[PDB]
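Listed next as structure tokens is one chain, alone, in the form deposited without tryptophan.
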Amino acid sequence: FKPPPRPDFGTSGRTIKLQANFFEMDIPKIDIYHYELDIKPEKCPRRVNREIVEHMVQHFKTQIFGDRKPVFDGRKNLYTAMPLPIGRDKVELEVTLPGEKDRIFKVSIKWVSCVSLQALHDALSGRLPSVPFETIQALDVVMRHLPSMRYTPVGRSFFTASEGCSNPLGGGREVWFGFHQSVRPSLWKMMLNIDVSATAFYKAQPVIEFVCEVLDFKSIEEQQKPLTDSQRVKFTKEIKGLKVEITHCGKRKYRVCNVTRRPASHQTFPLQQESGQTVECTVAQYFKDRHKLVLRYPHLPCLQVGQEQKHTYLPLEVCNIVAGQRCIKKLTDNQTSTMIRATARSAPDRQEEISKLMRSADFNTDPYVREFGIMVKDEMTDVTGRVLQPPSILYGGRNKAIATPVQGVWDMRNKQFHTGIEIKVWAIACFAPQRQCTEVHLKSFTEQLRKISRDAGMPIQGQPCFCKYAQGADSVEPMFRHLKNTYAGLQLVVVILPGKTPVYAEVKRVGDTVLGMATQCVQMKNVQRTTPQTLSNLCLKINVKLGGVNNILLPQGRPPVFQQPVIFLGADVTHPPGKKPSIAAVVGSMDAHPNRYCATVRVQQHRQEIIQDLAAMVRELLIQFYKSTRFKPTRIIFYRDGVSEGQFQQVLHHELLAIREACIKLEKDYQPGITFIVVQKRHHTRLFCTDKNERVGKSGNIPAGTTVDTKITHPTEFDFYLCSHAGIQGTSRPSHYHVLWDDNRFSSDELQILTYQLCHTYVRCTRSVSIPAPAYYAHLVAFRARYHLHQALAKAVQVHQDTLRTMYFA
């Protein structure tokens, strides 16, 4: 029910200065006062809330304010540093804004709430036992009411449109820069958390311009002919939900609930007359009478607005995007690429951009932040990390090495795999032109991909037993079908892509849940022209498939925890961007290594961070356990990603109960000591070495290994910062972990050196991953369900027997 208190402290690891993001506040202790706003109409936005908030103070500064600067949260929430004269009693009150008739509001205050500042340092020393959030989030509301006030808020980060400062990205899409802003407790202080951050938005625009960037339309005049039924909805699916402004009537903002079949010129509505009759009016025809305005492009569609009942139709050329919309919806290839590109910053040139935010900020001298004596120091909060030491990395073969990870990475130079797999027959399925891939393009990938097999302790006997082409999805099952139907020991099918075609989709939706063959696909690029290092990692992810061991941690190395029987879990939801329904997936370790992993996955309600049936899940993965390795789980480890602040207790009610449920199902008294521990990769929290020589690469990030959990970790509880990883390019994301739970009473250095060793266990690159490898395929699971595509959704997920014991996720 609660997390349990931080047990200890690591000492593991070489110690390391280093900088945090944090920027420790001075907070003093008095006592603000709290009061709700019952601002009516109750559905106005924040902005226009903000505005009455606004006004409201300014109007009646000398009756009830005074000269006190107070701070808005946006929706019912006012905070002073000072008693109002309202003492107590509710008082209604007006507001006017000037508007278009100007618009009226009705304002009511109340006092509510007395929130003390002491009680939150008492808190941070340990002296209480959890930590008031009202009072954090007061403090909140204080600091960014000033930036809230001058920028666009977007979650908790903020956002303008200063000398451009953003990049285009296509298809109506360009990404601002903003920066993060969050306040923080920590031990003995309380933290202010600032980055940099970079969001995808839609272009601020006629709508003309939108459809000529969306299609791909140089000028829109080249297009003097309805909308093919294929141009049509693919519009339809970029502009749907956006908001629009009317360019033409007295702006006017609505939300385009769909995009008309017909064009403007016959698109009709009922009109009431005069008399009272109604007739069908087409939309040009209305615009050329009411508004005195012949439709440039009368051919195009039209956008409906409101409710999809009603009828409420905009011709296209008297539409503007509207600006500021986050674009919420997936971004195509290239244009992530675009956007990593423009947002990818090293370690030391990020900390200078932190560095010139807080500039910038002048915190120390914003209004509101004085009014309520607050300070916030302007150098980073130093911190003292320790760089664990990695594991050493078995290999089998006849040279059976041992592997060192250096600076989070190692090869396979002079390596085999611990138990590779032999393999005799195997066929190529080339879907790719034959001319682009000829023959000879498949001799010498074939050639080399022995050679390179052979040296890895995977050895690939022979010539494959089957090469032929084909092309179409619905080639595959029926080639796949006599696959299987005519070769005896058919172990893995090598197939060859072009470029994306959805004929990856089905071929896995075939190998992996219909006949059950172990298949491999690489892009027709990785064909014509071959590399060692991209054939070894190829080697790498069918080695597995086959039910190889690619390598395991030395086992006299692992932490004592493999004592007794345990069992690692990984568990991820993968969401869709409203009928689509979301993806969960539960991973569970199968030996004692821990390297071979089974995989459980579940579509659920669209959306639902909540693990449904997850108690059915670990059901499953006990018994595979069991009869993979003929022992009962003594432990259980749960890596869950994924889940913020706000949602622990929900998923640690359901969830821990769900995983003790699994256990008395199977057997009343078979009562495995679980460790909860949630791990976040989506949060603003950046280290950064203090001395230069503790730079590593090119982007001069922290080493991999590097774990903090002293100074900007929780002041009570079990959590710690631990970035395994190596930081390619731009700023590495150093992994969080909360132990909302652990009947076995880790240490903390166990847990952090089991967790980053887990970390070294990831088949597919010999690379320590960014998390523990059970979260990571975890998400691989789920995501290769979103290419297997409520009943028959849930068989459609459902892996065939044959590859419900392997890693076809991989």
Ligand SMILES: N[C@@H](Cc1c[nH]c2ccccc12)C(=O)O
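Superpose the two forms; the largest set of C-alphas matching within 1.5 Å is the rigid core. Residue numbers count along the first chain shown, from 1. Compared with the form solved in complex with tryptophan:
When the two forms are superposed on their rigid core between these two forms, the C-alpha shift of 2 Å or more among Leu295, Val696, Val510, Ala592 belongs solely to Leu295. After superposition on the rigid core, the Cα of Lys237 moves by 2 Å or more between these two forms.
Comparing the forms between these two forms, the C-alpha position of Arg127 differs by less than 2 angstroms, with the core used for superposition.
In this overlay on the rigid core, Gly548 has a C-alpha that sits less than 2 Å away from its partner position between these two forms.
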The other form holds:
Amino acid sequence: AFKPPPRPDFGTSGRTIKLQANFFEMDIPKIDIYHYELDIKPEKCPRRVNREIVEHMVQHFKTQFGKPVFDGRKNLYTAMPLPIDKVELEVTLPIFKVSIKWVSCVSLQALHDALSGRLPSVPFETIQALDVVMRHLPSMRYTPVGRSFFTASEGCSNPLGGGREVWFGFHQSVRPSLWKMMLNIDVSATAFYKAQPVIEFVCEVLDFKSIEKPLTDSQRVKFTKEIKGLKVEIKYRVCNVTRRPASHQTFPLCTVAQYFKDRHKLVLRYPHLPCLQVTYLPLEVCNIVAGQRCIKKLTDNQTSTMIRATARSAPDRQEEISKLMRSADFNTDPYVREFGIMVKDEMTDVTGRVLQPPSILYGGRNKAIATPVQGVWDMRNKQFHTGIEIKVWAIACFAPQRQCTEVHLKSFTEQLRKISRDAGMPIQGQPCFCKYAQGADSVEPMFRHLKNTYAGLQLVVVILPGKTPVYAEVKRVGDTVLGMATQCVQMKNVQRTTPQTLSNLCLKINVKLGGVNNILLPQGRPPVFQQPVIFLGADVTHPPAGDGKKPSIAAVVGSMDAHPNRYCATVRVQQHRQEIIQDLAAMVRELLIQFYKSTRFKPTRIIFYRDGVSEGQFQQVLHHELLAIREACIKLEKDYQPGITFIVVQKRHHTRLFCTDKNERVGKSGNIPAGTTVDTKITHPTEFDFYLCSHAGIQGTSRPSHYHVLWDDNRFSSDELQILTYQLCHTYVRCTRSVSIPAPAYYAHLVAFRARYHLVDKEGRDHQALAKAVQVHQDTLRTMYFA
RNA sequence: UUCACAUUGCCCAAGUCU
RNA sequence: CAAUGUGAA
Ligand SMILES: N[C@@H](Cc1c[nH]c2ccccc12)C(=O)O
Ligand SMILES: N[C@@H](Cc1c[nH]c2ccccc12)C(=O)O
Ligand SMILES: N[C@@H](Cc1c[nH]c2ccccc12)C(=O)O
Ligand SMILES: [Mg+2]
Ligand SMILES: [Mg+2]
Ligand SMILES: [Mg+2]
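Compare with the form deposited without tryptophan: the form solved in complex with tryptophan:
Whole complex next, starting from this chain.
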């Protein structure tokens, strides 16, 4: 329950495809490098201040440092050793003591062996050392954000308004591979505050043209909410905006305007404006400090502008990474060549395989088979594998009568019954109930009435005028209070129906009512399906940036048949920003019990797809969650020990894959085709991992999902696990498309997001309250309410 | 709240000194 | 899932 298994073999399925990856080969010298520890007092100074201190120090004590790199905290590295036995030094800032002592030697050669087959595991300390080398210069030249670097783009202004603009940048990371050390580079963009005078900032915030008396309370509060917490220089952080203008704002030995008239001989041009409190500064003498990322949520218009800047087709992104690398010229970096490192300026060539899609089996009389082409099929001339007969249903229209008329509802109804009959999900008649209502208050009594009145009620269709709190209320009552199936539809999709939208709607409705839309062609499935097997999907979703006390939400779903198609869900609230699923053992236990009730089999194998865990968390997560899965098995039955396969799925990494031949580019966005698999060259030197781009990239540059096997009792071959994973991407019921992650992992997301809706404005006694809020009704417990 | 893909928001990372 | 885009039988 600890060390990840070795790669068993390499995959062989699928035709080959030439690819380019945004990985750049590194040539590392075979020398010892030297690690030193650095203590600085005081030790709360920002990482950038620490970097500053060291670099002025290094160029000070040259002849006592005969080009060291620094990680901004405690670690310093040199290519050739120092004369230095601990030493304590003295430096001066634009009054620091720096402790510099030798701790160890880092051999890059040892890393060379780990990249070879000689060493089983890559020595992390070597990788970190290389990362610090590659990060030293851009950490002082640019503005660091995570593993990325941002700067104002020379020659261009990309304003967002409101005092904000777009900074362009890039992600940078160092990683081992089957081939060589690789520099992973991707381009990015993010919102920064303009380094403008506060006066101009005021005008952009308050939508002023020039500069238009003292400020309205509404003007003062808006400007206060925009600048509070930001840094300004004439270096201060703004904590408040005064209520009084500089004319009258007073401080004990006496106004602000008079102090500046007297001491600095400065007569304020706009004394009618309030002061920033940081002790008060007039707006006129203050600039917004450059390089402050905008943490706050962007406006709708700012988002739109941002999208129209970070939106690039695959070839466009490919070209921009390449142009960045050729302009970056990593090989002229003084610290890089100091350590004898050479970075290749061209993308690494990789050979991928394009896996064949499974056939999708439908039902009805014809029992049609659909063949995915480039990640997409459709349901024309096809019926559900198991279609639901809808006898008793109701409509609740919360949209206004004037806009969503009885004629609209009638026309929507007839169109839906037509599409649903074609799909093999016959809606046998008119609804038994159809009424208008308004506001969240009407939801609960209306649904109780429906439940008490109409025996065998199967569904409530709910018409919503658009974004409204009524939706959350409908799901609260439907999912957790009364246990009733609901399907919501936006008014505009009732007013104007299309075959495609109605058809997609029927996919969800059939599923919600217990139907089977389609199944993988049974004979086309990998050998693992010969024995009872349960597929688990797990995810944790964390609160937005800046949030302080909202819980994280853990969701786990499990397959309930052999197709696999039907899933049951479990969900939990847990500690703020904790990734480890705390109550997993209980969740899996529930799923195993439900599996046995549905199939009358005990799983001989458990396949666990775990979404969103980064490399630095692998061992911690695996340790708790693998043991949790075992615990669930143990407490169920004596010596019940099914084989566990633990797979981490990452969609949000920085690996991009491009077609080498423009002949292979698919569609407008020019992405790699669905099914493209990579398990050589750029993947892990010893462990079992692969990229699988399972979906059609219709938009921008596709994110190829990465799969990392942390544990495998079942000893999968590369081929079977890759094919299995790909096939599970075709089992997602909400669309006739191969999706970007396997359906169980995707369902886990939907469950987590539904719980978040159950918690809107509700997030010991605290925990029990929130836990109760996400607990679904007994009747809902065994349904796909999350669809 | 028809749906997928894409950008960001999510663990690690990053960030915090008159 | 929220904001914003591009798309679909
Ligand atoms: N029903 C199958 C058993 C089976 C195979 N694979 C499964 C996966 C899940 C559940 C059951 C199964 C049989 O007896 O032939
Ligand atoms: N404990 C289950 C039955 C069961 C025993 N061993 C199992 C292994 C897997 C799934 C279910 C089981 C019950 O209460 O009915
Ligand atoms: N099969 C493993 C142990 C194991 C796998 N799955 C389990 C589930 C529960 C308990 C133990 C296990 C072994 O060789 O020992
Ligand atoms: Mg997650
Ligand atoms: Mg942390
Ligand atoms: Mg959206």
